[PDB]
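**Q** One-letter residues, chain by chain:
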Amino acid sequence: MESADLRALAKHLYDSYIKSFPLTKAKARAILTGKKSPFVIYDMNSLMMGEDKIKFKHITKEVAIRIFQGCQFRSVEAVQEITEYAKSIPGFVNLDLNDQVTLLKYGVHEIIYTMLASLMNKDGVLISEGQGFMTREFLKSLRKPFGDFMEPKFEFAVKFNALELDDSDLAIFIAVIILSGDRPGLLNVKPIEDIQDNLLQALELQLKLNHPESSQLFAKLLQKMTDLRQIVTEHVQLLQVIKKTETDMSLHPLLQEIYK
Amino acid sequence: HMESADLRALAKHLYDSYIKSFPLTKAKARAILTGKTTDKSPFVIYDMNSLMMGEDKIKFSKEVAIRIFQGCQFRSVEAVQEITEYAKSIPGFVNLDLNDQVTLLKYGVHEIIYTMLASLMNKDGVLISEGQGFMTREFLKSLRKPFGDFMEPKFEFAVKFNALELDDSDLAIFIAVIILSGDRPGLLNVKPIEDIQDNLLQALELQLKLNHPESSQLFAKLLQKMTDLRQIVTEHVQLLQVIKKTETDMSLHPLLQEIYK
Ligand SMILES: O=C(O)c1ccc(-c2nn(Cc3c(Cl)cccc3C(F)(F)F)c3ccc(Cl)cc23)c(OCc2ccccc2)c1
Ligand SMILES: O=C(O)c1ccc(-c2nn(Cc3c(Cl)cccc3C(F)(F)F)c3ccc(Cl)cc23)c(OCc2ccccc2)c1
Numbered sequence: 234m235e236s237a238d239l240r241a242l243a244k245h246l247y248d249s250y251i252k253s254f255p256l257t258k259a260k261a262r263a264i265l266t267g268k272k273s274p275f276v277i278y279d280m281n282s283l284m285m286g287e288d289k290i291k292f293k294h295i296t303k304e305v306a307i308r309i310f311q312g313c314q315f316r317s318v319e320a321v322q323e324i325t326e327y328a329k330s331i332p333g334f335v336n337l338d339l340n341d342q343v344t345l346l347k348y349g350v351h352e353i354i355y356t357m358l359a360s361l362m363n364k365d366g367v368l369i370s371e372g373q374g375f376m377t378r379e380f381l382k383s384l385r386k387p388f389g390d391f392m393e394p395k396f397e398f399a400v401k402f403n404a405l406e407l408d409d410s411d412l413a414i415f416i417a418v419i420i421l422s423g424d425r426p427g428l429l430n431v432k433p434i435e436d437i438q439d440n441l442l443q444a445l446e447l448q449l450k451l452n453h454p455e456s457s458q459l460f461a462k463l464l465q466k467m468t469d470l471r472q473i474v475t476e477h478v479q480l481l482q483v484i485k486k487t488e489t490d491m492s493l494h495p496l497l498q499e500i501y502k
Numbered sequence: 233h234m235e236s237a238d239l240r241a242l243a244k245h246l247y248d249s250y251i252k253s254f255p256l257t258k259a260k261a262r263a264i265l266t267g268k269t270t271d272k273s274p275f276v277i278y279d280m281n282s283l284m285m286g287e288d289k290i291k292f302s303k304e305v306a307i308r309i310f311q312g313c314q315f316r317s318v319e320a321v322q323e324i325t326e327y328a329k330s331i332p333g334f335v336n337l338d339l340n341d342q343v344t345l346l347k348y349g350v351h352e353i354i355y356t357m358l359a360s361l362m363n364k365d366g367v368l369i370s371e372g373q374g375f376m377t378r379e380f381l382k383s384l385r386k387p388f389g390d391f392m393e394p395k396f397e398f399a400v401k402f403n404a405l406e407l408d409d410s411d412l413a414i415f416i417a418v419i420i421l422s423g424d425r426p427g428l429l430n431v432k433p434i435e436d437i438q439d440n441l442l443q444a445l446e447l448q449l450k451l452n453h454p455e456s457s458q459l460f461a462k463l464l465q466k467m468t469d470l471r472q473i474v475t476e477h478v479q480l481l482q483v484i485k486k487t488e489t490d491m492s493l494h495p496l497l498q499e500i501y502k
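Here the protein sequences come in this chain order: B and A.
Under the entry's author numbering, residues 234 to 268, 272 to 296, 303 to 502 are what the first sequence spells out, in order.
Under the entry's author numbering, residues 233 to 292, 302 to 502 are what the second sequence spells out, in order.
Please note that the accuracy of each hint is not assured.
[Stated by the list, open to error] The calculated label-pair distances, taken between Cβ atoms and stated as ranges, are:
| no. | chain 1 | residue 1 | chain 2 | residue 2 | range |
| --- | --- | --- | --- | --- | --- |
| 1 | A | 451 | B | 278 | 38 to 44 Å |
| 2 | A | 436 | B | 275 | 43 to 49 Å |
| 3 | A | 481 | B | 436 | 48 to 54 Å |
| 4 | A | 244 | B | 436 | 20 to 26 Å |
| 5 | A | 436 | B | 478 | 32 to 38 Å |
| 6 | A | 386 | B | 386 | 49 to 55 Å |
| 7 | B | 389 | A | 452 | 42 to 48 Å |
| 8 | A | 427 | B | 326 | 39 to 45 Å |
| 9 | B | 319 | A | 386 | 46 to 52 Å |
| 10 | A | 336 | B | 400 | 36 to 42 Å |
| 11 | B | 409 | A | 276 | 56 to 62 Å |
| 12 | A | 336 | B | 502 | 53 to 59 Å |
| 13 | A | 364 | B | 238 | 53 to 59 Å |
| 14 | A | 289 | B | 338 | 47 to 53 Å |
[Claimed, not checked] With a straight-line Cα cutoff of 30 Å, these simulated BS3-like cross-link-like pairs (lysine-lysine) come out:
| no. | chain 1 | residue 1 | chain 2 | residue 2 |
| --- | --- | --- | --- | --- |
| 15 | B | 303 | A | 347 |
| 16 | A | 486 | B | 272 |
| 17 | A | 289 | A | 252 |
| 18 | A | 347 | B | 502 |
| 19 | B | 502 | A | 485 |
| 20 | B | 486 | B | 386 |
| 21 | B | 291 | A | 291 |
| 22 | A | 260 | B | 347 |
| 23 | A | 502 | B | 502 |
| 24 | A | 272 | B | 252 |
| 25 | B | 293 | A | 252 |
| 26 | A | 244 | B | 329 |
| 27 | A | 244 | B | 252 |
| 28 | B | 486 | A | 260 |
| 29 | B | 289 | B | 252 |
| 30 | B | 289 | A | 303 |
| 31 | A | 450 | B | 293 |
| 32 | B | 485 | A | 450 |
| 33 | B | 502 | A | 258 |
| 34 | B | 432 | A | 260 |
| 35 | A | 347 | B | 485 |
| 36 | B | 329 | A | 252 |
| 37 | B | 432 | A | 252 |
| 38 | B | 329 | A | 462 |
| 39 | A | 364 | B | 244 |
| 40 | B | 502 | A | 291 |
Please keep in mind that the hints were generated in silico from the structure rather than gathered at the bench.
For every residue, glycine included, the Cβ atom is placed at its ideal position computed from N, Cα and C.
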């Protein structure tokens, strides 16, 4: 590829990434630092006032369940956002339809965790397009398996955010995740890896121009995909504990199907 | 109101999801029904013995009409699942109130099943087991007690509906328009549902015009078919409640159980 083409590909993805995702990293960092202040959830009572404040649809019997299920609601929303962005990656829509489904089926969890760090600091997480803020303290302190469902995400995000990537970096990074040629059941891997080679090239040039003073940031960011695979697995294994433990969770079969 | 280029994009988006979500497309169904091919020919079920040989051919305990009736329930549940997956891809649907999401599907899945079952039908019968079987209308109509005429209303609608000669790219938008109906009982926020339907209706009008330029007023004719569906769903529901209060032997799947509450 030629450098001018990698600049063009990077700009393409950044523009799409902004249109696809409601709350950008740049905007989220403005809210967390205090630069319109969000509503803060730190305990039982402020949660009760919050679902009365903005009427969170993710939030509205037991508290720890309602919070867990609110993550699912927002996760379903996010999957669709990623699916739209995926269509703007040059070459993606020309792939075999089964392979498009396969790449998204397996990539979304890694991409959600990555983008969830954009909404997080060491003390909590933004919610509802940045109008809320749920504290790490409150999440960590939830009961039984829910307390320890939330804390691993924060632990990844604090390390990941130490890289100080911006939205133009992340757009290419997320694209690289989607075009992973090692997902189970892919029919035609060659054109997928061909796109990933171009995206990898663009990420490399992007990180060098946008962080010239950061030695081997490219390599350091590819090593975070090691983390991602591990956390996604830990995440999956945790869901199956709730399914086989919680008699409270049985919901509406239709909702169950939406969240399948 | 949108720009034509944006409506074509929405049409292309929905057709692509429809392909990804529904295994047996109308295009594939018509190829098997038309024949000519030797690699796709179905095994045909027209009586007791060919049904018995059929479960040995296609791999499709108790009484025949029941086993047949149960084969429809199984496939309906799968259909509910497929429609739910398609719905999530409709831009804006998953962003709606959670109650309304459930509500739109509760009432819409039957109208959509009937519509898409027409794709699997001609005047003589229906494809089964992902198009590997074909059961004759004659055979269904001749089932006993209340089950005989349980199957027949579907055929009556399908023969008329297939006369519009829609293809999958048209049906994709049509199905979406059905789901995002703002006049379903118990919806909390009709406005955001209606704004989505305006976009889907806009997309449908443009799609039908480009893809059937010589089909005068096909848009309006296709909306007048949404009238039929509402009537057939009611007759269907009322017939199940007869079976439920007659066959205590038989039992319904929880997903369908809930949809009719
Ligand atoms: O606005 C966003 O971009 C956004 C994305 C992700 C989360 C979120 N998801 N999950 C669990 C999870 C993950 Cl991580 C990945 C796939 C599927 C799921 C699951 F289980 F929900 F299905 C979390 C677990 C812990 C935390 Cl603090 C956040 C998440 C999100 O939450 C914001 C949120 C937190 C509390 C209550 C409501 C909403 C937002
Ligand atoms: O391949 C498909 O996409 C497909 C979809 C629908 C049917 C089918 N369902 N039903 C009854 C029904 C309806 Cl209509 C809606 C909700 C719930 C139910 C019920 F009662 F079963 F719970 C039928 C009644 C009459 C007819 Cl000829 C078809 C159907 C279907 O059958 C194909 C089929 C016919 C025989 C044996 C096995 C499968 C297929």
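**Q** Evaluate each hint against the coordinates.
**A** Going down the list of hints, with the structure as the test:
1. Between residue 451(A) and residue 278(B), the C-beta spacing of about 55 Å breaks the proposed range 38 to 44 Å.
2. For residue 436(A) paired with residue 275(B), a C-beta distance near 27 Å fails the hint of 43 to 49 Å.
3. For residue 481(A) and residue 436(B), the hinted distance range of 48 to 54 Å is satisfied, since their beta carbons lie about 53 Å from each other.
4. The hinted window of 20 to 26 Å between residue 244(A) and residue 436(B) holds, with their beta carbons roughly 24 Å apart.
5. A hinted range of 32 to 38 Å for the beta carbons of residue 436(A) and residue 478(B) is consistent with their spacing of about 36 Å.
6. Our hint of 49 to 55 Å for residue 386(A) and residue 386(B) holds, since their Cβ atoms are close to 51 Å apart.
7. Distance hint check: the CB atoms of residue 389(B) and residue 452(A) are about 55 Å apart, inconsistent with the given range 42 to 48 Å.
8. Between residue 427(A) and residue 326(B) the Cβ separation comes to about 30 Å, which falls outside the hinted range of 39 to 45 Å.
9. Under the hint 46 to 52 Å, the C-beta atoms of residue 319(B) and residue 386(A), about 47 Å apart, fit the expected range.
10. Look at residue 336(A) against residue 400(B): about 30 Å separates their beta carbons, and that is not inside 36 to 42 Å.
11. At about 59 Å, the CB distance of residue 409(B) to residue 276(A) agrees with the hint of 56 to 62 Å.
12. Between residue 336(A) and residue 502(B) the Cβ separation comes to about 18 Å, which falls outside the hinted range of 53 to 59 Å.
13. For residue 364(A) and residue 238(B), the hinted distance range of 53 to 59 Å is satisfied, since their beta carbons lie about 57 Å from each other.
14. Taken as a hint, the range 47 to 53 Å is violated for the pair residue 289(A) and residue 338(B), whose Cβ atoms sit roughly 31 Å apart.
15. Only pairs whose Cα atoms come within 30 Å are accepted, and residue 303(B) paired with residue 347(A) is accepted, the gap being roughly 23 Å.
16. In summary, the hint linking residue 486(A) to residue 272(B) is not supported, as the alpha carbons are separated by about 59 Å, beyond the 30 Å threshold.
17. Note on residue 289(A) and residue 252(A): the hinted pairing holds, with a Cα-Cα distance of about 28 Å set against a maximum of 30 Å.
18. For a cut-off of 30 Å, the pair hint linking residue 347(A) to residue 502(B) stands: about 17 Å separates their Cα positions.
19. Using a Cα cut-off of 30 Å, the hinted pair residue 502(B) and residue 485(A) holds, with the two alpha carbons roughly 29 Å apart.
20. Between residue 486(B) and residue 386(B), the direct Cα distance comes to roughly 14 Å. Compliance with the 30 Å bound is thereby established for this hinted pair.
21. Pair hint residue 291(B) plus residue 291(A) does not hold up; C-alpha atoms about 50 Å apart against a cutoff of 30 Å.
22. Distance restraint check for residue 260(A) and residue 347(B): the Cα-Cα separation of roughly 25 Å lies within the 30 Å cut-off, and the hinted pair is therefore satisfied.
23. With a C-alpha separation of about 22 Å, the suggested pair residue 502(A) and residue 502(B) falls inside the 30 Å cut-off, and the hint holds.
24. Simply put, residue 272(A) and residue 252(B) have alpha-carbon atoms about 44 Å apart, too far for the 30 Å limit, and the pair is violated.
25. Pair hint residue 293(B) plus residue 252(A) holds up; C-alpha atoms about 28 Å apart against a cutoff of 30 Å.
26. About 11 Å separates the Cα atoms of residue 244(A) and residue 329(B), which keeps this hinted pair within 30 Å; it holds.
27. About 19 Å separates the Cα atoms of residue 244(A) and residue 252(B), which keeps this hinted pair within 30 Å; it holds.
28. For a cut-off of 30 Å, the pair hint linking residue 486(B) to residue 260(A) is broken: about 40 Å separates their Cα positions.
29. With a CA separation close to 27 Å, the supplied pair residue 289(B) and residue 252(B) stays within the 30 Å bound.
30. About 57 Å separates the Cα atoms of residue 289(B) and residue 303(A), which puts this hinted pair outside 30 Å; it is violated.
31. Between residue 450(A) and residue 293(B) the alpha-carbon distance is near 38 Å, which puts this suggested pair outside the 30 Å criterion.
32. Straight-line distance between C-alpha atoms of residue 485(B) and residue 450(A) comes to about 48 Å, which puts the hinted pair past the 30 Å bound.
33. About 26 Å separates the Cα atoms of residue 502(B) and residue 258(A), which keeps this hinted pair within 30 Å; it holds.
34. Only pairs whose Cα atoms come within 30 Å are accepted, and residue 432(B) paired with residue 260(A) is accepted, the gap being roughly 28 Å.
35. Of the pairs offered as hints, the one joining residue 347(A) and residue 485(B) holds, with about 24 Å between alpha carbons and a cut-off of 30 Å not exceeded.
36. Distance restraint check for residue 329(B) and residue 252(A): the Cα-Cα separation of roughly 14 Å lies within the 30 Å cut-off, and the hinted pair is therefore satisfied.
37. For the suggested pair residue 432(B) and residue 252(A), the alpha carbons sit about 21 Å apart, so the restraint of at most 30 Å is met.
38. This hinted pair does not check out: residue 329(B) and residue 462(A) have alpha carbons roughly 33 Å apart, beyond 30 Å.
39. This hinted pair does not check out: residue 364(A) and residue 244(B) have alpha carbons roughly 55 Å apart, beyond 30 Å.
40. With a CA separation close to 27 Å, the supplied pair residue 502(B) and residue 291(A) stays within the 30 Å bound.
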